[PDB]
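Let's start with one chain on its own, the form deposited in one PDB entry, as structure tokens.
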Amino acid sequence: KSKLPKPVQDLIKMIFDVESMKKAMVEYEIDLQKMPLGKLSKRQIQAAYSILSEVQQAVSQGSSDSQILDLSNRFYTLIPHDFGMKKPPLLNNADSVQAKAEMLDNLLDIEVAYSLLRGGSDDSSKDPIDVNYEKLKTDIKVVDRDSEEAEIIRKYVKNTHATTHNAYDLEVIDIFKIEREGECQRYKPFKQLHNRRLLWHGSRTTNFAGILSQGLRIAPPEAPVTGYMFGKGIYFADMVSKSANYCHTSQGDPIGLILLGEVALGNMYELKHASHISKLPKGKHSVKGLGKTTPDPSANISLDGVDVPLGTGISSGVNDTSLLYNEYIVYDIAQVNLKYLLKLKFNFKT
């Protein structure tokens, strides 16, 4: 039986839940009879991205239908859905390819996880929890409730959570210190770079095995650019309110996970509107999307050299911005050092 702590073990069970995988799929209207979990493939997901990019181009050009129809059939041939009747939705706009792409991102992480939860020696010497834990290649330690670290984190979560979107309330059930294998010697060279901050990154639970196992990644070339406001990179927030929205929780499954990463921002290229870049200006090492709301700068705290902007949310200088919350994008996976992972309960006000 595992020597790990209940909170950690329970974390393993969460990120490796098959049901959750089939749930996220069925929720996507994916036919589990035509496309069961095991059938999922990386190549297949690549091809699908490519089709979606062709649709974007078609949509942008103003393709004379049929071609927009043939591309739609193609995508639904690759990704088997069950509509029954009324026919599948036509992918003929930005909105459609955007959503279809977000799903492929998720489906990708599910394949990564299922491929892991099914790979390796499935013997009976070590217990399932221990085996799986290893597959993650991540050191997971529980952070004491009554500790300076926990105190800080809880304050960061409490302050950056407001009422203008008070559709729910946040409860920190567990906080873990995390250190992925490799993520250290890879980040080292970037630590010798100013503007290092502790930012948020929320994601569906089903994507966490792939995140811990392979770290946060950047969309592939084949992936359509629509949706990525500031190009293909890694996105973070300084307010749990913006990040917590990517955990996609509901009163049905009120529990989600959210990361806390130390990001070497360097000199930030500040923008107020979407802008595909990837290629920053000389001297710029990241992008900062200016939001209408920022954490009170006077409340900024630090440690080790990492700034924690846990100050309560105030109104930034600019409202001429399209963004409501700030956004931080880095285009090099090594500019990120994941530090903590939180298990949070979302209490919806309804």
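Positions refer to the first chain, counted from 1. Between two forms, the rigid core is the largest collection of C-alphas that superpose within 1.5 Å. First, how it differs from the form deposited in another entry.
The comparison between the two forms, aligned on the rigid core, picks out a single residue among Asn300, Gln44, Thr312, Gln67 whose CA moves by 2 Å or more, and that residue is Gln67. With the core held fixed, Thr163 shows a CA shift of 2 Å or greater between the two forms.
Could you present the same protein in the form deposited in another entry, rather than the form deposited in one PDB entry shown above?
One chain, no partners, no other molecules: that is all that follows.
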């Protein structure tokens, strides 16, 4: 049996759960008989993205529902759905392409998780928790409850939960200090860049085996750039509740996972509305989606020379913006250095 700390053991079990991976596929209405977890491949996912891009071209160029029908069916051919003998819903709008682009992104992390678990060696004498921990190539340590870093992290959670996200409260169960193999060396050209912030990135439990082994990744080139508000980058938030909404927890599964990453923002390209960009303008290193609300800038604290925006939510002064809260997007995977992973219990008020 494993010598790993009990919170680390429970984390590994959580993220390598096969039935959670299956429950996530069922949520997307995928036919598991026509295509199980083991049939999932990058090749198929990329072909599905490419057809979604063709659907996107047909919708933006204003094709008829009779004309797009052919392209909508082509997607359902690559990613089988569970509708029985009924006709699938027509993908004739941007919301539909956005929803399908989002599902595919998630399937890309699920495929990594299942590949990791089904790859490798079988040894009965070794605890499967120890076996599955090594697959991640990440040093995972438990942060001491009474430490300074734990106090700062708990204040960030406590102070940046938005009023509009009050249908639930957050309880920090565990704090993990994480170190992905090779990530620190990848980050080096951006290590002393200006505008380095410790930001949130929430995701489903089924994404975290992929996130810890491959890191936060940008949607592939086949993916429709219009399926994402600020194009194809890595999205972060300064409001814990904005990111915790990406955990997709419920009364039937109230345990979520959220990251704290050091993001080299550099010169921010400030936007109030959707801009489906492929490349940043010269001199810019990130995109900042300007929210109506911002954590109080005079309340910013420093944790290992990185700015921590743990202030309470105040008005930014920004008018006529499409965002309630800020968002930060980087278009180079090297600009992210994962620092912490938090296990949270969501206490629903509904």
